[PDB]
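Single chain ahead, by itself, as structure tokens, in the form deposited without this ligand.
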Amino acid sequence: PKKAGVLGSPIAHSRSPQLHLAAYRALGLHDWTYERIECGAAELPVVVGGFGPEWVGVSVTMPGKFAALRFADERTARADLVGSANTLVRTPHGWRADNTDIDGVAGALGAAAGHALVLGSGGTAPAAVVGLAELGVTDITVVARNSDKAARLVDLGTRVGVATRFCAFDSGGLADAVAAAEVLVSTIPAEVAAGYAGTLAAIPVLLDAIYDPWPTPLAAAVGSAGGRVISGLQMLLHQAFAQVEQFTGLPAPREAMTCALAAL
């Protein structure tokens, strides 16, 4: 019997246990548990440090992903690349940090090329840039409120081989940016994106990281226009596959987890 869970604040409405427990069931790991743990950044070392030996690893959501990367004694190249970790895995002597939000974006989209648009400068935005690059996107426009953080994201794009630029929200460049991109990944709150929904509506494909409440105004606008709409639930599904594999040592049971997501 082993233990896993998700660390975050807030955490009460996490859908991670539904996915992980569906997976453990399908794998015949019936005795494993997966718990929602209220945990902020400063509290992360207290909780993970206090884990007994039956803990195999934990998922980490906001606001602990930077603290998670620091707490680990070992970090994957991709976690290093995006600058934070949503996964901690127990190793013989310590903890390894990974970031599966990259898989979350790349897997939810399946494929992409040419030009992409990313809303937001922090959160899952770095993972989205890397995930987009991974799929073979060659040009990314970052649209964000924070111009300083956006420049850092732009440099990351450049460093994974992608022509990357910043476009301010209310600079009069957004329409041109939408017209040139084939896919939009939105990492900002639905409340912020809503006012831009009319301009963003024309995008051929939307991946909205938000999944609750649903639909977001942006999703409704794109869906109304006939664009492909992918909810945040798909990102959650695809980032969970790699965590299940690292926690269990077994292949992610994709059909069982997909059935659990449909219920979600």
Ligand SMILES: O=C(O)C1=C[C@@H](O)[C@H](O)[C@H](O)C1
Given for the second form:
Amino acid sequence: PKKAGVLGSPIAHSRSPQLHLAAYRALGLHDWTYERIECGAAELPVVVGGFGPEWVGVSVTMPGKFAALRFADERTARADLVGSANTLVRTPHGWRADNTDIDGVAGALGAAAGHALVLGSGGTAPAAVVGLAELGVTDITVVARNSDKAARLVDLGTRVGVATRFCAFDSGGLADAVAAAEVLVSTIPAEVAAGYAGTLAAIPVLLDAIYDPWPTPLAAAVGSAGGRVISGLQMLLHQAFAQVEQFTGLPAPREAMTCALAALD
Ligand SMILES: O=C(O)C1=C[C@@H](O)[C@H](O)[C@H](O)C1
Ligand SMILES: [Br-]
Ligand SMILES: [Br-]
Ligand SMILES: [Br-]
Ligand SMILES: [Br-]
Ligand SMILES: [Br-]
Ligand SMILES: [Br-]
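Could you please show the structure of the form deposited with this ligand bound, as a counterpart to the form deposited without this ligand just displayed?
And the full complex, kicking off with our chain again.
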């Protein structure tokens, strides 16, 4: 009888429990639980540090992904590369940080090979950079409000072998950045992306990390313009597979989890 869950703020909207509980039932782990825990970045170490021995792991969403990486005493190679963690896994003497959002991006997109755009510089942004690199994109433009954090994302991109550069939202380069790009991964709030949706609408493929509320203004714009829209639910599914594997020690029951995603509203 084990416990897991998802930590973040806000957290009430999370559809992680639906996916994990479906997986645990498919795996015959019928008494396992998975709950939502309201938790900011500052609070994460005290929340996780308070868990009893039946906790096997927690998923971590905004705003705790940087805090999660720091909290863990061991980190996977990919967490160490990305610089944030959306997964903490209990070990015999502590916790290990992993990042499965890379899988989320790569799995949701399926393929990508040309110029890409990433919006944002939060905890999911470096996973988008690495996931795009894994797919084989030739170059990435990072568009964010925080230029110092964007510089760190440029270094990351460069270190994984991808030509990366920064473009400010407001100074006049966004339109040209969009024109060159074949895929856009958005990690910014829907309320921020809304004001640029007309400029961004021309992108051929959009992966939006947001899934609630849905559709985002950005997704409506791209969809209307003829572009392919991939919702945050697809990213959620694909990142969830590796989380279930680390929490359970068993292969992810992909069929069952895909059916659970289809059973959501
Ligand atoms: O439940 C959720 O909404 C999420 C779980 C995290 O593991 C994912 O990485 C993502 O940030 C969202
Ligand atoms: Br416990
Ligand atoms: Br272990
Ligand atoms: Br975050
Ligand atoms: Br522009
Ligand atoms: Br904001
Ligand atoms: Br969907």
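Residue numbers count along the first chain shown, from 1. Take the two forms, find the largest set of C-alpha atoms that superpose within 1.5 Å, and that set is the rigid core.
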- Message: With the two forms fitted on the rigid core, I'd like to know which residue in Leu174, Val162, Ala72, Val130 is displaced by 2 angstroms or more at its CA between these two forms.
- Response: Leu174
- Does superposing the core leave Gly226 with a CA shift of 2 Å or more between these two forms? yes
- Aligning on the rigid core, do we see the C-alpha of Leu29 shift 2 angstroms or more between these two forms? no
- Query: With both forms fit on the core, is the shift of the CA atom of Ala197 between these two forms 2 Å or larger?
  - Reply: yes
